[PDB]
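**Q** Here is how the chains run, residue by residue.
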Amino acid sequence: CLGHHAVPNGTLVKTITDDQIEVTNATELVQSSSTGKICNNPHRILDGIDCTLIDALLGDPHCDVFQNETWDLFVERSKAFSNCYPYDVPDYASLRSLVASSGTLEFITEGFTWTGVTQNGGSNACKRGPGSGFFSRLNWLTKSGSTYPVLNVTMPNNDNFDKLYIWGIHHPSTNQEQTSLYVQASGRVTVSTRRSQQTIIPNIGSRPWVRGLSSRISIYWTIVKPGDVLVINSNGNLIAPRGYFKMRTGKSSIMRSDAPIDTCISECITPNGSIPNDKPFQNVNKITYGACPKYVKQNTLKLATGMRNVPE
Amino acid sequence: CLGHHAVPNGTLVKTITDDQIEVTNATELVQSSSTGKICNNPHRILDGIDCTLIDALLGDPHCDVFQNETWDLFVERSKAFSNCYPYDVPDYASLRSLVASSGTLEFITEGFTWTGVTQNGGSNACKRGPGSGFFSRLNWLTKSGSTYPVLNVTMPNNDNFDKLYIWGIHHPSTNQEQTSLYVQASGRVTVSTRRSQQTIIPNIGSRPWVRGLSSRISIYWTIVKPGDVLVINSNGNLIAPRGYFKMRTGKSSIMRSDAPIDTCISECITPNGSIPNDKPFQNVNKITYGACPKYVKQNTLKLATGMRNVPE
Amino acid sequence: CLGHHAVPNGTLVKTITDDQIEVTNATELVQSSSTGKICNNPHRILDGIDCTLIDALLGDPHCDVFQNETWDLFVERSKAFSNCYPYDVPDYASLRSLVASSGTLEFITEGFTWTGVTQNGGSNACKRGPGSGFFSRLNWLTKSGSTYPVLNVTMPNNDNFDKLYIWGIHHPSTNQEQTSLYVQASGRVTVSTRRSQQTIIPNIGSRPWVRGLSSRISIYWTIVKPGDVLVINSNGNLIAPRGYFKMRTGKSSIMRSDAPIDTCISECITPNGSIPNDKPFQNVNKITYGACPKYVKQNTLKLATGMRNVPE
Amino acid sequence: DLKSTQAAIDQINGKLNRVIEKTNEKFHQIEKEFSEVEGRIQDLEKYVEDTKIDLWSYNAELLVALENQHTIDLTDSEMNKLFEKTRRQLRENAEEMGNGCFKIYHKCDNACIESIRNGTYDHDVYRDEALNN
Amino acid sequence: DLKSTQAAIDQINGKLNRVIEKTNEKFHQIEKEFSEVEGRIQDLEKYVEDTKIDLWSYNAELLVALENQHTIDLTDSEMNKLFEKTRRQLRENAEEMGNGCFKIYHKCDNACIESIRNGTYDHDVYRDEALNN
Amino acid sequence: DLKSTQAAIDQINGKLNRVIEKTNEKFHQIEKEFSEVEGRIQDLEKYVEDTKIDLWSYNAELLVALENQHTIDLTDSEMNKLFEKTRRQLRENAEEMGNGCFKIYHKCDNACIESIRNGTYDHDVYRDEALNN
Ligand SMILES: *[C@@H]1O[C@H](CO)[C@@H](O)[C@H](O)[C@H]1NC(C)=O
Ligand SMILES: *[C@@H]1O[C@H](CO)[C@@H](O)[C@H](O)[C@H]1NC(C)=O
Ligand SMILES: *[C@@H]1O[C@H](CO)[C@@H](O)[C@H](O)[C@H]1NC(C)=O
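These protein sequence lines map, in sequence, to chains C, E, A, D, F and B. Residues 14 to 325 (the entry's author numbering) are what the first sequence spells out, left to right. Residues 14 to 325 (the entry's author numbering) are what the second sequence spells out, left to right. Residues 14 to 325 (the entry's author numbering) are what the third sequence spells out, left to right. Residues 37 to 169 (the entry's author numbering) are what the fourth sequence spells out, left to right. Residues 37 to 169 (the entry's author numbering) are what the fifth sequence spells out, left to right. Residues 37 to 169 (the entry's author numbering) are what the sixth sequence spells out, left to right.
Quick caveat, the hints were computed from the structure, so don't treat them as lab data. Even for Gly, the Cβ is constructed at its ideal location relative to N, Cα and C. It is possible that part of the hints are untrue.
[Stated by the list, open to error] Rough simulated footprint, nothing fancy, chain C against chain D, three-plus residues with beta-carbon under 8 Å:
#, segment
1, 90-104
2, 135-148
3, 151-158
[Unchecked claim] Pulled a few chain B residues facing chain D out of the computed Cβ check, cut under 10 Å:
#, residue
4, 39
5, 83
6, 84
7, 89
8, 95
9, 110
10, 131
11, 133
12, 135
13, 139
14, 140
15, 159
16, 163
17, 167
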C-alpha cells in the first residue's frame with residue numbers, strides 16, 4: 014500500500030514542532046540498567062573488604078595483606094572498620110584523594126636514628142597476634158629510663174621523585190600519663206622542609222571511650238620534592254615515620270560500592286556495577302570511571318530510525 | 014494576487030538563518046505586564062499588615078489578632094515594625110523559612126511546673142493594654158523572694174507528629190540587674206533531646222538604647238520528634254515556652270510585596286501582583302508562586318503564525 | 014557537468030546529521046592569530062614600564078614622570094619593581110581595581126595643619142636624588158624635640174564629587190625606635206567619616222630584611238562623598254596624606270601584557286596584542302578589552318558558503 | 037599591704053576568668069560561623085551541579101529533537117515524492133482513497149505490481165476495465 | 037621582697053593587657069575576614085544566577101528561532117508548490133509578473149476564479165483572447 | 037603568707053601561658069581554615085568558568101552546525117531542482133551516467149550548450165543522431 018502497515022506496537026517519539034508523535038520504528042538512546050557485578054577486566058580492581066585506604070596505608074593489623082598493593086580502581090565497602098589505636102586525620106578527604114590518585118602503596122623503609130628514647134611502642138587495643146602491637150608504618154617513641162631529650166633528625170632527598178612521609182602526634186588523657194610517657198609537661202613537633210613547616214602541640218584532655226582508650230592520635234603528612242631536605246624536631250608526643258611511600262602520577266581513583274566482582278569486560282564502572290557503552294547517554298550515576306556515557310536526568314529518550322506510523 | 018497583501022503594520026520576527034525578518038502575522042510569547050493587585054482566589058492569602066511572621070509567632074501585642082492564622086501564602090509588607098521587648102534571633106532566615114513553609118500558627122499550650130521562681134514577668138516596653146506586658150507565648154521567670162533554684166523540667170512526646178518549642182535567653186545590661194533578677198552572678202540554659210543539645214550563657218553588656226531598654230533577648234527553637242523527650246535545665250536568664258506549635262508539611266511559602274489584594278482569579282503570584290498564565294514565558298520576576306511561566310531575560314519574543322510579508 | 018568540479022582541496026565541515034563532510038567552499042569563523050603589537054589608536058594606552066599602578070600612585074621616585082597621567086588602558090609589565098620604603102596594602106586587589114577603573118592620577122594637594130610634630134620625614138632606602146627621601150604623596154610625621162601630641166585634624170567636603178585619601182601606618186622593628194620616633198610606647202590611628210571609621214594600631218616586631226630595613230608600612234584608603242567630613246586622630250605611627258585624588262567614572266581597566274606598542278588601529282586588546290574583529294569568534298584569550306569577539310574553546314570552526322564537494 | 041596584694045590577685049584572677057570565658061565563647065561563635073559557611077558552600081556546589089545537569093540534559097533533549105525533526109522531514113518528503121510519482125504513473129486505472137493509498141478497480145497479476153514497483157507501467161491495457169469498474 | 041612581688045604584678049598586668057588587646061585585634065581581623073568571605077560567596081551566587089538566566093534565555097531564543105525557521109520553511113515551500121501548480125494549470129491565459137502573481141489578459145466571471153481555486157480549469161476557451169490581449 | 041602569694045603567682049603565670057598557647061594554636065587553626073576555604077572558593081570559581089566556557093562553545097558549535105545544515109539543504113535541493121529541469125529539457129539526446137551528469141551521444145557547437153544554459157532547447161534536431169550514437 015502506502016509504505017507502512019501501521020505496526021500494532023506504536024513508537025512515541027519527542028519532537029520540537031509537536032511534542033510526542035507516533036512513528037514506525039524507534040531506538041533507545043539511554044542505557045538505564047546494570048548487570049549488578051563489577052568486571053575485573055581490563056582494569057585492575059582492588060577490593061578493600063573490611064579496610065579503608067587510610068587503614069591499609071597505616072598498617073592496620075587486619076589488612077596487613079594489603080602491603081604494596083597496586084590498584085587501578087579501589088573499591089571501598091561500607092562494612093569497613095578499624096581495630097587499632099584510635100586516631101584522627103586533619104584534612105581527611107584531601108589525603109584520601111591524594112593517596113587514591115597515586116595508585117601505589119609501595120613503602121620504602123628508611124633508617125632514622127632516635128637516640129635517648131625507647132622505640133617500638135605498643136598498645137593493647139592494637140593486638141598484632143597474641144601480644145600488644147601498633148601500626149606497622151609508625152614508631153612510637155617514649156622516655157628512656159627517666160628522660161626524653163629533644164629529638165632532632167634530618168633526611169635529604171637526592172632522588173628524582175617525590176616522597177610522602179606520614180607522621181603523627183599523641184594526645185594523652187590525663188596529666189599523669191603525659192609525664193609518665195614524656196617527662197616534659199608539654200610536647201611539640203616541628204617538621205620542616207626548605208619551603209614549608211608544620212608545628213603541632215598535643216592537647217591534653219578527656220575523650221569518649223573508644224575500644225578501651227581515651228587518648229587520641231592525630232595524623233599528618235609531608236611531601237618532599239627532589240633536591241629538598243626534611244628536619245624533624247620534637248620533645249614529646251611524636252609518632253615517628255619508618256620510611257616513605259613512592260609517589261606516582263597516572264590514572265587512578267576510588268569509588269564506594271557494595272557490588273561483587275566478576276570476570277567480565279566493560280569499560281565504565283559506576284557504584285552500581287559495570288555498564289555497556291554502546292549508547293551515548295546513561296541514567297544510572299553521575300559518578301563514573303573509564304570511557305563512560307554522560308549522565309542525563311531523563312529516563313527514556315527515543316531516536317526515530319524510520320517513518321511515521323500513520324498517514325497524513 | 015500572490016497570497017499576502019503586504020499589511021501596513023510589519024511584524025519583525027527573530028530567526029536563526031537571518032536575524033530579523035518581516036512576516037504577515039505574529040503573536041507574542043511573553044506576558045510582560047501585571048494588573049497591580051493580588052488575587053485572593055483560589056489561594057488563601059494572609060496579609061501581615063504591620064507584623065512579620067516572627068512577631069505574629071511570638072505574640073506581639075499589636076498582632077494578637079493573628080492567633081491560629083492559617084495561610085496558603087503569607088504576604089509581608091515593608092511597613093512592619095515591632096513594639097515589644099527588643100529581641101534577636103540567631104539563624105533568623107532559617108526559622109523564617111521553616112515557619113513560612115509549615116503553614117500554620119496553631120499553638121497548643123502545655124503545663125510546665127516552675128517551682129521556686131516567679132512567673133509571668135512583664136515589661137513597660139511591651140504594654141498589653143494600659144499596663145505592663147510581654148510576649149504572649151513565653152514566660153519570664155525571675156527570683157522568688159531571695160533565691161533562684163536550678164530549674165530542671167521534662168516533657169515527653171508520645172504523639173505521632175513533630176513539636177516546635179520556642180525559648181529564649183535574657184542578656185542583661187549591668188551586673189546589678191543580673192543579681193537583682195537572678196540571684197546567680199551567671200546564668201545558663203541547657204535544652205536537650207535524646208539526640209541533640211543546645212547550651213547558651215547570657216552575655217552581660219551594654220547595647221544601643223532601643224525603646225527605652227539596653228537589655229536583649231535571644232530566641233532559639235527546638236524540634237522534638239515522635240517518641241522523644243525534652244529536658245530543660247537552667248539557673249537564670251531563661252525565657253521559658255508556654256507550649257508547642259503543631260508542625261505540618263505541604264505547599265506554603267512567603268513573599269515580600271506591597272500590592273493590594275482583590276477578589277480575582279489567577280494561578281501565579283509575584284511581588285508585583287498576579288499574572289495570567291496563557292503564555293509560556295514571562296519577564297516580570299524570577300520569584301514566583303503557583304503554576305507560573307518561566308522567567309527569561311528577554312522582553313519581546315515573537316512567534317510567527319503565518320507567512321512572510323514580502324515576496325521573494 | 015553537474016555543477017561542482019571536485020576541487021583538489023577538500024573542505025571538511027561539521028554538521029549535526031553527519032559529523033564531518035566535504036563541501037566545495039568554506040570560510041573560517043574564528044580568528045586565532047595575533048600581530049604581536051599593541052595598537053595605540055584610538056585608545057589611550059599608558060605603558061607602566063618599571064612601575065605598577067600603586068607605585069605610580071604613591072609617588073615612587075623612579076616613576077615621578079607619571080604624575081597626572083591619564084590613561085584609557087594601563088599596560089602592566091612584569092619587570093616592574095619598587096625602590097622606596099617597603100610597604101604593604103591590605104586588600105591590594107580591591108584598591109588596584111578601584112584605581113584602574115577610575116582612569117586618572119590627578120592629585121589635588123590640600124593644606125593639613127600638624128602642630129607639635131616634625132614633617133617631611135625621609136629614608137635612605139628611598140633616595141630622591143643624591144639625598145634621603147620618601148614617597149611624594151605622603152608626609153611622615155615624627156616627634157618634635159621631646160614630645161608627640163595627639164594629632165586631631167578635620168577636613169570637610171563641600172564639592173560635588175568623591176575624594177580618595179591614601180594614608181598609612183608605620184610598623185617599627187624594635188621597642189627603642191618606637192619611642193625614639195614616637196615618644197608614646199604604642200601608636201594608634203583613627204580615621205572617621207560621618208558614616209564609617211577605621212582604627213589601626215602598629216604591630217611592633219621583626220621582619221625580613223628588605224633593602225636594608227626591617228620596618229614596614231601598611232597602606233589604607235578612605236572615600237569621602239560630597240557633603241561629608243573627615244576627622245583624623247592619632248598619637249603615633251601615622252603616614253599622613255598630602256591631598257586627595259579626584260574620582261571619576263567611565264571606561265577604563267588594566268591588563269598585564271609584555272607586548273610592544275605600535276601605531277596601528279584595532280578595536281580589541283588582549284595580553285597577546287590587538288586582534289581584528291571581522292569574525293564572530295576568537296581563540297586567543299578570555300581576558301579582553303573593547304568590542305572584541307567571544308572566547309570559545311574550539312580552534313577551527315568552519316562555516317560552509319557553498320555546496321557539497323561530491324555528488325550523491 | 038598584703039591586703040592590697042590579695043585584692044590585686046583577686047582582680048587579676050577575675051580578669052583572667054573574664055578573658056578565658058570571652059575567648060571560649062568567641063571561639064564557639066567562630067566555629068559555628070565556620071560550619072554555616074561550609075554548609076553554604078556545600079549547597080552552592082549542589083546548586084551548580086543541578087544547574088549543569090539540567091542544562092546538559094536539555095541540550096541532549098533539544099539535540100535529539102532536532103535529529104528526529106530532520107529524519108521525519110526527509111522521510112515523509114521522499115514518501116510524498118514517490119507517492120506523487122506513483123500517482124503520475126497511476127493516472128486512470130486506480131484512485132487514491134485519501135490516505136495516500138490507491139484503491140484499484142481492476143484485477144491484475146503480480147506482474148502488474150512488479151511493473152508498478154519498477155516504474156514501467158502502461159495504464160491503458162486496463163484503463164477500459166478500470167472505467168468499467 | 038614586696039617590691040619584687042609588685043614588679044611581678046606590674047609585668048603580669050602588662051602581659052594581661054597585651055594578650056587582651058591582641059585577642060581583640062585578632063577577633064576584629066577575623067570578623068572582617070568573615071564579612072569579606074560572605075560577600076565573596078554572595079557575588080559568586082549572583083554570578084551563578086546571572087549565568088543560569090543568560091543560558092536559559094538563550095536556549096529559549098534558539099528554540100523559538102528554530103521553530104520560526106521550521107514554520108517559515110514549511111509554509112513558503114507549500115506556497116511555492118501551489119504556485120507552481122497554478123502556473124501549470126495557468127499555461128497560456130495569464131502571465132506571472134515576478135512576485136508570484138498572475139496578471140490576467142482576459143476577463144472571466146467568478147466561475148473562472150472558482151475553477152482556478154478547485155484546480156479544474158481549461159485555459160483554451162480564453163487562450164484566443166489571451167493571445168489577442 | 038608570701039609563699040601562698042608566690043604560689044598564686046606561679047599558677048596565674050601557668051594559666052597565662054596556657055591561654056597564650058591556646059589562643060595561638062586556635063588562631064593557627066583559624067588561618068588554616070581561612071586558607072582552605074579561600075582555595076575552595078577559588079576552585080569553585082574555576083569550575084563555574086569552565087562550565088560557562090564549555091556551554092557557550094557547545095552553543096556556538098550547534099549554531100554553526102544548524103547553519104551548515106540549512107545551507108547544504110537549500111543548495112542541494114535547488115541543485116536537484118535544476119538537474120531535474122535539465123533532465124526534462126534533455127529528454128532523448130543525452131543520458132545521465134548516475135552522478136547527476138549527462139553523457140552526450142552527439143556533437144553540437146557551443147550554441148547548443150548556450151541553449152541548454154538558457155533553457156530554450158529542442159532535442160529533436162539531434163535526436164536522430166542521438167539514437168544513432
Ligand atoms: C528497527 O530498528 C532496529 C534497530 O535496532 C532494527 O533491528 C529493526 O530491524 C528495525 N525494524 C525494521 C522493521 O526495519
Ligand atoms: C493573526 O493571529 C492572531 C492570533 O491571536 C489572530 O487572532 C488573527 O486573526 C491573525 N490574523 C490573520 C489575518 O489571520
Ligand atoms: C569561497 O569563499 C570565499 C570567501 O572569502 C570567496 O572569496 C571565494 O571566491 C569563494 N570561492 C568560490 C569558488 O566562489
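**Q** Which hints from the list above does the structure break, by number from lowest to highest?
**A** 3, 4, 7, 9, 10, 11, 12, 13, 14, 15, 16 and 17
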